[PDB]
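Engineer: Based on the hints, put chains B, C, D, E, F, G, H and I with the ligands in the right spot on chain A.
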Amino acid sequence: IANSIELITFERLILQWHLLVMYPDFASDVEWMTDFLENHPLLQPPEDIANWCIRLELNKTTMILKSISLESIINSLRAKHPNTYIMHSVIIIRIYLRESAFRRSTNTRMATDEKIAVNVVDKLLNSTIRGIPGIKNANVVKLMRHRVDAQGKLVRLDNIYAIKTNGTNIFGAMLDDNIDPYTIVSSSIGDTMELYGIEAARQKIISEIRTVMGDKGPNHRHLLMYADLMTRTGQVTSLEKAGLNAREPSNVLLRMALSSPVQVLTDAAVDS
Amino acid sequence: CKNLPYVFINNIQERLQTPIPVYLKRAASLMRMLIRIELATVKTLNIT
Amino acid sequence: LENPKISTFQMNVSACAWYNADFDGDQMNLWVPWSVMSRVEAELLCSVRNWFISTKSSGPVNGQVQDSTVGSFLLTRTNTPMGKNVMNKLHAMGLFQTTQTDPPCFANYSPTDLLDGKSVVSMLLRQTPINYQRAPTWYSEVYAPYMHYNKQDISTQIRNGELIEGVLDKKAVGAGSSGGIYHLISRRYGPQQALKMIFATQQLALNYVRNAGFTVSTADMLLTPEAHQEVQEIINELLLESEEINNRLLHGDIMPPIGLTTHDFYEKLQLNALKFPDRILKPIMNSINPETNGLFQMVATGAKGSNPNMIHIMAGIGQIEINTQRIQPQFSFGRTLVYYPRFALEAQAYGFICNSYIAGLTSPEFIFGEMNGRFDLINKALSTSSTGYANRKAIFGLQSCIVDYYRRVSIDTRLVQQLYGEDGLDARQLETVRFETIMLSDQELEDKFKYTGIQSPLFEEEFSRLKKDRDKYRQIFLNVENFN
Amino acid sequence: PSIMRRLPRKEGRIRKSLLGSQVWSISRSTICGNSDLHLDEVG
Amino acid sequence: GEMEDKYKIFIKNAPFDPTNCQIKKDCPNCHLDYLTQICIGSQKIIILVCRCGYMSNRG
Amino acid sequence: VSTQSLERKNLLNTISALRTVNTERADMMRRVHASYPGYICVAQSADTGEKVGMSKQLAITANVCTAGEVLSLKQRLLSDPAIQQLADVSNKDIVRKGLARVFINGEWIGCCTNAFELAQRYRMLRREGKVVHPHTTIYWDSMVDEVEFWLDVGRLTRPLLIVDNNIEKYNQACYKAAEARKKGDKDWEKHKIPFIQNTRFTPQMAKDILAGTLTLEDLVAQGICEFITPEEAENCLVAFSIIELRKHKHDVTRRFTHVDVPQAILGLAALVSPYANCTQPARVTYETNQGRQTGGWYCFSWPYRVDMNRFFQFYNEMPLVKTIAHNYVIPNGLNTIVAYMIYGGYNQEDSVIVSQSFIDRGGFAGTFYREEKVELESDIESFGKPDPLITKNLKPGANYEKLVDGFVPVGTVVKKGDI
Amino acid sequence: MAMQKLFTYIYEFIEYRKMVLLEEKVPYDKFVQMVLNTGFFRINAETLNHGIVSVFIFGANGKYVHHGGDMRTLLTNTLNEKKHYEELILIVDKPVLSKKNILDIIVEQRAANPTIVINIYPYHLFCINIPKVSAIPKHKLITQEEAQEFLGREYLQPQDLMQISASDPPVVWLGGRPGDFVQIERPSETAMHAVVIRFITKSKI
Amino acid sequence: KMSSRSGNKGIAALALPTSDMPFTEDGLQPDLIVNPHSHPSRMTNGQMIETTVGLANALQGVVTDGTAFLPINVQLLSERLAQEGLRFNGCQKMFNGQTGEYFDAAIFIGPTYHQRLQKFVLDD
Amino acid sequence: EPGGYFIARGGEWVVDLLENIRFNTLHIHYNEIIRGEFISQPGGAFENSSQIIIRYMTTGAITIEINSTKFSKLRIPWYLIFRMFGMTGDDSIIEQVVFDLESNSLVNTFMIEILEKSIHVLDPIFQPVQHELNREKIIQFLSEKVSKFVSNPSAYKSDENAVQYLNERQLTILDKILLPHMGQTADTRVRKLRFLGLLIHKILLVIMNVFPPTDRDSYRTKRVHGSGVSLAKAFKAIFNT
Ligand SMILES: [Mg+2]
Ligand SMILES: [Zn+2]
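Chains as they are written, first to last, in the working numbering: chain A, 12 to 283; chain B, 3 to 50; chain C, 2 to 485; chain D, 27 to 69; chain E, 27 to 85; chain F, 876 to 1294; chain G, 886 to 1090; chain H, 62 to 185; chain I, 5 to 245.
One chain only, chain A, in its complex shape:
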């Protein structure tokens, strides 16, 4: 499962990629055009294919390393990008595009063909093939947890395995059946706030300061002083000049003594 959820993007599968009687070294490509159209006549190069030939090839060591199948990729790209016909061959790949993705850019009046071709390749290479976005690694770690037995004793279980990813995506992890979604622990305060609320983000601040303290950390009630001050407004405010303005705006004299008296004084006089 640690391998299942790690983000494998499209860039890292291909070893080389060329952005484009055709170009040299393209005889097998028209051969790819030849033998593919007989494989299944359900599809063919559609009505909308204008001028671009974005041929790519795949490093074959990658899929054997990560148990990928060429079926998985082709199903992946055209379940998210309904503007291309893929030419998946049997390893080489020649993605063809449509003109229908070129005319909805009315918000940009300098859109040429080169940049818009880079953007869709940019929009396409970032498409996930397998995993959860934002998860770069995922290692397996051994946890120590308590549990209550059938006899009613509290025992410590040391043979528990779990996945410690690198990067945070709480919402993606609950969209996965291999992970218990009620026990997700992130190290991010901002992500915990967005997904859970203010009370869970307060507990997150206590936990994250505690780890930075080390072993000779202070009493626990000094940590509650930081967490409860930073969350008293229903949002997470900082311990900088911006947070002081959010919590005590009418205290001009306190805010002058911190950072910049002339700017604070000028704003105070205008607002009375």
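Treat each hint with caution, since some may be false.
[What the hints assert, rightly or not] When the alpha-carbon atoms are kept at most 25 Å apart in a straight line, the in silico SDA-like pairs for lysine to any residue are as follows:
#1 I:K237 <-> F:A892
#2 E:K70 <-> C:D254
#3 F:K972 <-> I:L105
#4 I:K121 <-> A:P35
#5 F:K926 <-> F:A1096
#6 A:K134 <-> A:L31
#7 G:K1089 <-> G:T1000
#8 A:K227 <-> C:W19
#9 C:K57 <-> A:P229
#10 B:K45 <-> C:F460
#11 I:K180 <-> F:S947
#12 F:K967 <-> I:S107
#13 G:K1087 <-> G:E1030
#14 E:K32 <-> F:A962
#15 E:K50 <-> F:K1051
#16 H:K180 <-> F:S880
#17 I:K196 <-> F:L953
#18 E:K51 <-> F:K1051
#19 E:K70 <-> C:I323
#20 C:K85 <-> C:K152
#21 E:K38 <-> F:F991
#22 C:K449 <-> B:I22
#23 I:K121 <-> A:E42
#24 B:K4 <-> G:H1078
#25 A:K71 <-> A:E42
#26 C:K449 <-> B:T46
#27 I:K74 <-> I:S158
#28 B:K4 <-> C:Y474
#29 F:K972 <-> F:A962
#30 C:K451 <-> B:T50
#31 A:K227 <-> C:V434
#32 E:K51 <-> C:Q349
#33 I:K196 <-> F:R951
#34 E:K38 <-> I:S158
Rather than coming from a laboratory, the hints here were simulated on the basis of the structure.
Structural biologist: Coordinates of chains B, C, D, E, F, G, H and I with the ligands only, in the frame set by chain A:
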């Protein structure tokens, strides 16, 4: 143990047995727990 | 101080923990309150007995340091190289002629009667009787294989102020020792009484050593000629295992796991292959006499030093780690220094020091150690600048929080906490205690806490609460484990 | 010379003159050890 | 890739740089007692080279 | 101009102030770099504050080079048949044939076929000292195949003894042993000779140095040593001491170019500390900081000077265990008898108990000096004993009775409040 | 996976709010069919005050999200029906909340209907049983009478309390409106548990 | 403030009369008493070797060289002490000057070069 | 006392040995992602030094700056400097940097790609000169940009002598302010072009992750000057005013 949260108010209100706020009942939870353990009958048999 | 030739502010060495000070040239300020109002609150509010317990950590601050740590060990030690650790009536009386307490009574003692050191200490701890039972710093599993321990020295026990057995050292009398002698005196009798006991037990320890002596010599750090050859054999085994990892590399047999390169896997392999075994202390402990070695006794009692300090002096320094990494080649593309070739394979080329301090380092070894030392002096200087700026922004963001008349915390009216610390307590007034129901099973709990003497429903209700409290505790703190 | 340049820095009016002080009736000296003093005494 | 154009000059000079590590190993070409060893890159490729022009991994 | 006021705390401080080199970046730049040994003292720096790692000290043998006659070398190189002129060769030509670009003092002045051969030929010329000046840097970059010559000011140099071997005869014997081996001789291995590497410095040369009959510039003249800058050090494999050189005397797999003297990696202040390699090095840094703060005979012309905050200590001793640094500076200190013991708890935490008799007898006693300088205005102010009746704003409570002719006479004790 | 998670936890959300479904629960396959065809899925539920709450689940590429005109037409058509409305919950994907045009439509429709609450929420707020997440303490709505008695004993104003947004996930699952109070039981590493009372303020959008 | 050449610096805290200082069986008494607890963490081992070597230098009548990186052998230096009539460890029997009682332990006492640092208490 | 100090106003002063960077050498460090400086010096310790910076931006432009007294941090794209100096052909211009056109090794092709993308950027100040074919009008545009005492265009251009005067002035000043250490006459302009090509080649090699950037703390590129050099520099700098 029933009157322990009045340590947070005063002896005037404990005598009158006025109601206690819920957040002050929670504050006496660890000490009520410890008192009931270390002053159980199995431990206080020889105390007069 | 009425001697006109003295210009210093003088204080007791056990007071230096309040100020984080020492005596190599520090300066302190002093002002004397002249106003009646400022004088009243200096004495009732700001006396140093109010800072005996730390506000930061909730444990004690003061205790013995360095002479009373090792002098308390020597006093309560069971055996001396001269036989039993006893003194006659004159010398037992002399230990108290400085304590500035009320003297004990020796009238039931004759001039030739002998008193053990634990007897003399009990004459002082009777005033503030406490209960204490732990093992001393002296007893270590590290030293146990190679050293004889007296059984009446390795389990310190105090019953109503009587020192029944064991030695007093850092675990019991040391400064900042949680659950030690002075922390217990403070809990039963107050912090002024604990400060008075630190002074009195410090004069007992110092007056004992003014008859016993304590020194350190160059011969204390010297390995025996046969014990020197045992250290060399241990070192060669490390350099033999290090050269096996090199031999595998020459054959391309180093295959890293997933996530590591061949360079970073090779450097991790070497780092673990050049670690001293735990048996490097066998030749060290065969060369010293733990009864008379002063360098060993300062380390073993917790007075000063550590075991890696002693290994470096006597046996070898080993591998230099900077950022938990070996010496990176920064002298022209694959050399560490001008003394080593490019792409060198030997462990000496990346910071392995085969010499001890008492033997004397070579020039490349000295340079590697100087790089290590310069790093530490630099990190120390950053402490002033890095945390001072973060300290001022923490202070300004938090300074308006003040305790109300309800014990809430607010900023002028606006609640920050409904109850300070969620329990409303001062951090100088906490003790660590064990709840002995949490880990039991329902059959152990049934036996230990359920009373069968009287058959009444009130004793069924009492036991049900003990179960309910246990389960509520379990449920709450099992949940805390889930979001951490 | 400005009226408003007196305010801002660590050597300004607020942080030097208002948040700190120069005081009378104070002394300073080097500290040294004395084992005949109690822990709450100073020579 | 390495060993080809990234370090071609260095590898061709390695037998003559006197600050390079040597290895006690006979040369197949000129029958010399010692060889020059280098270890370039994060994969720690080991290359043996000689003054006569010999080089490991088919150089 | 970055200058410091000369603070003559003692002679060691005076000499060390004249050898001081002054300047995550702010922390990485205070490190001990791998290029220091032999040029910058590895131990000496500040120990507290921001000044740590800022002021560097020259090591004991390191010198600063003056600018050489670059024009003569430039015209000699352009006459070398082994160097092709810049305009006589093309970029295509110098990548095709793999030629090496040759620089002198920064500027590209041609190309050569074999960079190693040119570098070593001119190094051999520098050793005789007449064609190439001995203070010339000759660097050869084998990664990108360039040769550099340097002769400008500001280069740090240090002498190094040269190691020579017999690799050519060893190579020929190897070839001849192979010739016997392939042809069919079963005794092919008896033709090999052992490898030998050595320096030419002899005990008689050391004896002559100590007798004044031999000098450094005479050692250079016969090519026993040479000067190496940090640039050229990257072409050098240096044996850290003569013990290391003797250990590998017949090791063909570790051929040294030079051999070092271990004490050369320390500066003069750090060499005052005896048995310094038996001490943790950070304490040697602390000593370099403390050795220059100590009292002594701070100058031998103190009575002719009017200084501020200077201390003259009457009695000084040579250490019982002296070092080489006491061949060049006056020792300032005393050979105190020290007992290492516990005595009543008054030496705890970096304190000492002193003998009062030792103090009374003049141990570490001396005289301290303070100066003054009061100026006058032309025709407005003057020196003279003020008259309270015709002079306003006399300082309250001030004793004017000490003044004679405007100044207090020499030899009178002045107090607080005196004029 | 968001659509399948929604399909279960939206009815769990409706049950948690003490509402009864006024319709027939269609299979998941039919549900995704209607979402992909019509552009949204409508769920109607009844509160204890006999009021109707309508839930709109928008597909991540429908017309109502990309153009404001379709959403405006839908909102005007739905609020003119003959139902005693209390609240409309619109569920969109996360980037929809950043597009200004739809937010303008929602505020304009709020202004036109002062008696109706219009709320727009992202997907992640309904893709799990929020009250059962371990990290989230127990939230509970208390009446104005208990809050009044608490504040009277404490000599406090509602503006002195700590505040919580009305779009906080636990408060959304509770159904808490601005001007209300929420009581929280939270775990404590000093007293084993604590109780606070927060004041519900206006929502993010 | 004083200091030795290994960087071990300290403040003069107490000054005792002649009759109050410790003395050995032959009457040797110290000028300075430094705490042994200043050694184990700082690891200034060259200062202890200097006391060992200089102790035999004084009885021999010579001044020797202790420059860094010269070969040393603390075992052979400690046997030089025994050849001069002293103990192997360089420790002697000492008496308390105030009571006249001997310690139950030999004390390490000998000559160590010291310096006065220019940080005067009257100025600060 | 050995001496070696100064007495001024009765006090004793020591002129400190100052640690400066080595001249005539390229220092490569890390919009602008990388930066190559080069302080050239005509030859001698006391001469005036001209700094040039060859920077590479995220867009792809490789622009060249010359910090000196006469100018002020003006940035010129690299192709225009080569064109001003009598070298126009794009293949030939690349042969200044790559030294080849017939090697298809990865480094070469990557370098050529970088340069080809570089030579097609629109610098805001160098737009109407972007594709110019000759030199004299490029020099005229330079004189328009840099001459501070000139503020009335289309007035001096009505005459002829001023144009030639400005062209000669710009040619001679850039023949003194671009790489003075190689010479200051017009016959040393081609070798200046080759040296600049080799410098850019080195910078782009550091881009390729083939070699590291310059180690700012190593002493192979440090110089220690002291009393004489610093005293002369101050005796001449304040001599100016
Ligand atoms: Mg200090
Ligand atoms: Zn060969």
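Engineer: Each hint should be assessed against the structure and marked as holding or not.
Structural biologist: Going down the list of hints, with the structure as the test:
no., hint, in the structure
1, I:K237 <-> F:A892, "holds, 22 Å"
2, E:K70 <-> C:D254, "holds, 11 Å"
3, F:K972 <-> I:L105, "holds, 15 Å"
4, I:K121 <-> A:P35, "holds, 22 Å"
5, F:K926 <-> F:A1096, "violated, 42 Å"
6, A:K134 <-> A:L31, "holds, 16 Å"
7, G:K1089 <-> G:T1000, "holds, 19 Å"
8, A:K227 <-> C:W19, "holds, 17 Å"
9, C:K57 <-> A:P229, "holds, 5 Å"
10, B:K45 <-> C:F460, "holds, 14 Å"
11, I:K180 <-> F:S947, "holds, 24 Å"
12, F:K967 <-> I:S107, "holds, 10 Å"
13, G:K1087 <-> G:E1030, "holds, 21 Å"
14, E:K32 <-> F:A962, "violated, 28 Å"
15, E:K50 <-> F:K1051, "holds, 18 Å"
16, H:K180 <-> F:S880, "holds, 19 Å"
17, I:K196 <-> F:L953, "holds, 18 Å"
18, E:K51 <-> F:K1051, "holds, 17 Å"
19, E:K70 <-> C:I323, "holds, 22 Å"
20, C:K85 <-> C:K152, "holds, 14 Å"
21, E:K38 <-> F:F991, "holds, 12 Å"
22, C:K449 <-> B:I22, "violated, 33 Å"
23, I:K121 <-> A:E42, "violated, 33 Å"
24, B:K4 <-> G:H1078, "holds, 18 Å"
25, A:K71 <-> A:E42, "holds, 20 Å"
26, C:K449 <-> B:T46, "holds, 13 Å"
27, I:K74 <-> I:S158, "holds, 23 Å"
28, B:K4 <-> C:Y474, "holds, 19 Å"
29, F:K972 <-> F:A962, "holds, 16 Å"
30, C:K451 <-> B:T50, "holds, 20 Å"
31, A:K227 <-> C:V434, "holds, 19 Å"
32, E:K51 <-> C:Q349, "holds, 22 Å"
33, I:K196 <-> F:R951, "holds, 22 Å"
34, E:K38 <-> I:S158, "violated, 61 Å"
Checked against the numbered hints listed earlier, the structure breaks hints 5, 14, 22, 23 and 34; every other hint is satisfied.
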